[PDB]
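Here you get one chain, nothing else, as structure tokens; it is the form solved without norleucine (NLE).
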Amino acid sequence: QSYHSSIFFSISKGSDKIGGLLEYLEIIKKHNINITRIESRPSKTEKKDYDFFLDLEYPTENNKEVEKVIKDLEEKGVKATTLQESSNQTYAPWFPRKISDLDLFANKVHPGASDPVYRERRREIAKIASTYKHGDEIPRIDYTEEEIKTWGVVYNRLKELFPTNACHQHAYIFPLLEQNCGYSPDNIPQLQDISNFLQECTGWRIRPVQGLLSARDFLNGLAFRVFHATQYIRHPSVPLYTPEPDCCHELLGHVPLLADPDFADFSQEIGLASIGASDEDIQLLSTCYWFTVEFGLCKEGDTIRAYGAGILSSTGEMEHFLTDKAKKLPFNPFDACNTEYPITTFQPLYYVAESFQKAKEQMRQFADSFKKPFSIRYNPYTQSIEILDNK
């Protein structure tokens, strides 16, 4: 368990301070093992400045060595803005800056808990997410006959319901998943194939995840158009329901919508908003996420359909949302963000999105007043987060 800090500052080409600044940066890079990375880049704002980035990694929270580094740094003539992973508000929240920085989350994480066999199996699959690095191929799972049997039952069951209950984007993409990603009742699709297909449709990627991440970590991954997905399958004893995300939920629920460009933008938008957001704002985003990506409905003419991954992968949920006892409301993040919700029962309340581009715009407007030290932007050419000093 480690605590990350990042220090930002800018300086102009031809500055009198650069010489000593650079020299200082060399000494700490060599003789301070808490420093993991120091880099400089062209400024996104002042076309004549350089942006600098100093990444530190400590074993304990609010390590005061950071202040020591800040002081020695600002002594060379620059003003430093420091972000940190912490419960305190001494510094604004840290965020992963590159898609490869999501590697830092890899080790940050019941019907069959009363089953040792199933428990050892879960342990083995989770090992793979634990060791996976950005850039690697996603290792393929040799699923057992039992596991494949469970997939088949869920698959065939949900397949009977999609055409009448799923939003049209889902019906649109599913045959492409069949034709390109090996979707079938007889075969559990591998994440590496799904990730390649998603990349080529909307730039989204998958990485395996051990289990539940914190809301901040998971949402931050979305900012890079990276979806964290489990590889294990639910226990065979209870096939038609599970309280947790298993591969059926990931692959039949989340993945198809990620191949729709407008949905893909919307999801990333939620991710961007989370980058560097305060804990209270993360919680608002997480709830918005629940009522859209997880349990959202779309409007299609005089009809209401499901796009939420938690609905699409649950026969009981799909056979519930259309009943009159379940309340429906137009999606509005100001209304949804504060709404309580059950995790162990069907939803009593669903929010209806008009269109994904509208949901994207609504979220962006919602997030616009989030307090953050930097303006966060995504650059599709560099595939990275741009950080602007305009606040």
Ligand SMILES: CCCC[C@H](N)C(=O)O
Given for the second form:
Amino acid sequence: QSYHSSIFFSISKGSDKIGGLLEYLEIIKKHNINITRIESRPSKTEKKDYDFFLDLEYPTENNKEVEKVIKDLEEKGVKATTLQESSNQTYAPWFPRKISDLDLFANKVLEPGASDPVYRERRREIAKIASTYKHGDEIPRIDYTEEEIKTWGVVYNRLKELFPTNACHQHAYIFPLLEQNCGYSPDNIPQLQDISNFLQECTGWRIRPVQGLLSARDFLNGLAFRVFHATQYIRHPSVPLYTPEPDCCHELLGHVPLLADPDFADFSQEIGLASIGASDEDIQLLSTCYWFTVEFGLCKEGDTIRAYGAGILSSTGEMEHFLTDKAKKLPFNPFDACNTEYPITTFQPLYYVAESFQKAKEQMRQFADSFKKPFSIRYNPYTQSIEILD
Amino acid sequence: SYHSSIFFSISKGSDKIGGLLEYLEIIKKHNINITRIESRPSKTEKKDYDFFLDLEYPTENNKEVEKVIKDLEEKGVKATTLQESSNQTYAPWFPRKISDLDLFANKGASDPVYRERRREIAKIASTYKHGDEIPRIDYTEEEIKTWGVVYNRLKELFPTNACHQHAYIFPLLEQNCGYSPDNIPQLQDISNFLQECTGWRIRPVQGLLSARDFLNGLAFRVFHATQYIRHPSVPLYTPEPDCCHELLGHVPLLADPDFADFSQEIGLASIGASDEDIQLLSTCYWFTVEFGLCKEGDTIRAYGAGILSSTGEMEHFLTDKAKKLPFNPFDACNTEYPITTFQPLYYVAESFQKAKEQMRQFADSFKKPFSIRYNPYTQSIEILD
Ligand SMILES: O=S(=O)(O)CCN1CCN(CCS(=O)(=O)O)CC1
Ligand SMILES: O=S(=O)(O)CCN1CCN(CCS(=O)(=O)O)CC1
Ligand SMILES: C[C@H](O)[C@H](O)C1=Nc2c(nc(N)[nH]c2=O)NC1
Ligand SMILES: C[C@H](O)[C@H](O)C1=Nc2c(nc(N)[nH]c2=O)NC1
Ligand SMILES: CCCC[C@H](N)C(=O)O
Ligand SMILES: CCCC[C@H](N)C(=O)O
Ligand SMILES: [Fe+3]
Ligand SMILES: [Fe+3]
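Rather than the form solved without norleucine (NLE) that you just supplied, could I have the structure of the form solved in complex with norleucine (NLE)?
After this comes the whole thing, all chains and molecules, with the earlier chain placed first.
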């Protein structure tokens, strides 16, 4: 475990401070162990300014050394802003700045269970693949076993039947494209590279294989880049109708088809962006919002109620439950579905119906506005980067 | 080999979809000239599916595509076909996604030593495919010397003669891309930096591409750049593009957002455009990206890559024998120009956003079967009607 900091500042072209500032930068770049990256870029807010980025890694939370770097800078005549990964609140929370920074997550995975010692070497084989994966790689393909493919077949066939009557129309619209273009079929588990390629061309979303569960912060921060972290292992042979883990069945049948819908793609990113630089408390509010929308969201189509939540679409059990009066439904409001508790090992007793993904996106944008944040942020699709705005 | 593409839509809940799918599966299995078939959600009509069929043939205007068409309409859809052809039987083909630029790699030194060294450097851009690292060149002592002679010479003219965008970005090239009179910067390094600035990318190029291919490349913010350097004895002016020209002339402007938008706009205009419109665009390209001037208050300065990389051109433009005009694409597009001497005539632009608008207005009349648009999120060409 390492703790990331980031220092930001600006300087005008033709400042006679620059030469001396470069000298200081060269010096720390060579003599500071914890400096990982120093970069300068055209400023994105003032035409005449340069922006400077320093990235540090420290092995301990809150290291005094960042203070020393700050003091030294603000003495070359520069005003420095510091972002840090910390449970403490001296600095605003750190975040990844460019899409390839998501590689910094590849080691941090949080999360028993169905103990069947045979699946074990798979998981390791499968999981090692994800910690080795880095941005720009093709996602490796997995020779799935007869057993696994058949688990997929059971889950797939039970699910595809309910989709017309239970799934929101974006799912039924996209799903046959997954068959035609991504090899979706009961007789074959689809490979993440193929799906990533399909999604990029639909909405610009893409996939990274993940070892397991990331922190809430890390996972939601990824969404801000339209990047979905997905697992490649499959649920145990005998849990087809409802599992705890997020197996590829949940990822491929639950999450993937909505991400090929533009509006949902935007709504999902909006949650991501909200998480960028968000406080820990707000990250928790957001993960609750994510649960009650992306994971177990309902939609209303005319007088009908149907499901878009990945947690619902991937479970033939939950598909039965939401359509009955055995659970209550409420309108989605982020300011409401935040102080709301939920079970994770049972069917949901309470769902939220979104009016549409466009309004959900707007509703989430306002939720974000309510967050104490030291700046605004904005996504740049051309540079695939986060731009900070004061 | 000549590429064709077949386009058509079909609404969700069609009677024909089932059958159509079977046929598509079959000709994919049973026609070798079929490179690719894919279907996408419609960017125009919500409940519709877009289909794309890519075909590749050895001879121009193959009769086999026409058979695919009729066979495809017996199954109940109206198809629009694009083609690489010197004829206008069909509208011109274009690459549709950035990886399709892969398809383009098919296309003063009497020194035998230099001709050898060119061959080597070249036998590498022909091997590059999208998604690769751009392989680095181990430049030569002499090559590194030539660069230094050109770099240091041009370094003293930039402050007084280049437009401000150049002076603004250059020290960032020095601080991030290793620009120096002492080493030649590598395209991979350059591409990464451009990407994080304006989303522009570099592909290495083996030689000269066609106008159409090269301009089509810009619609994806992809610049094709040579890696070889000019002969030792031609540092002041060479008629051919070399790496000094790419890196000292083209690269710095490509990091300016407004210029980057402007250049992409020219490429978008070129997507699917007729041969004679490609020609107009090509000339408009020459009088802006290559040899354009800008107005900065009382003075005229250079932003064209052809000028900025040639101390000889750089000295020329500021003199009174060289005529200066306000940039107007309807005036420029028709103007002849030399490619082996200094320019007798330059066009002066007010601002890259304006030049962008003008090019869009210019292009608006261009005849095409489809409305062309770029999606930055998906990095590809959306087609509309
Ligand atoms: O997925 S697609 O590529 O088809 C469309 C994605 N794109 C995302 C950004 N929104 C508006 C941004 S904002 O106006 O809310 O800032 C338009 C749609
Ligand atoms: O270069 S950067 O990636 O930094 C931002 C460039 N971005 C390109 C798209 N244009 C749309 C205006 S218009 O061309 O549609 O009028 C806004 C600026
Ligand atoms: C999103 C919310 O924070 C939720 O607790 C999380 N879900 C996921 C996660 N990690 C992965 N890989 N997939 C999830 O769905 N970590 C956090
Ligand atoms: C862009 C315009 O069509 C011009 O004739 C071309 N320039 C170039 C080209 N090819 C390369 N490699 N570099 C150029 O600058 N072919 C066409
Ligand atoms: C965390 C996602 C929940 C997945 C869902 N419970 C299923 O049965 O697939
Ligand atoms: C079109 C490229 C022209 C090259 C330029 N005349 C130079 O010497 O760099
Ligand atoms: Fe999930
Ligand atoms: Fe050029």
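Residue numbers count along the first chain shown, from 1. The term rigid core refers to the most C-alpha atoms you can superpose between the two forms while keeping them within 1.5 Å.
Student: How many Å does the Cα of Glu120 travel between these two forms when the structures are matched on their rigid core?
Tutor: Rounded to one decimal, the shift is 2.1 Å.
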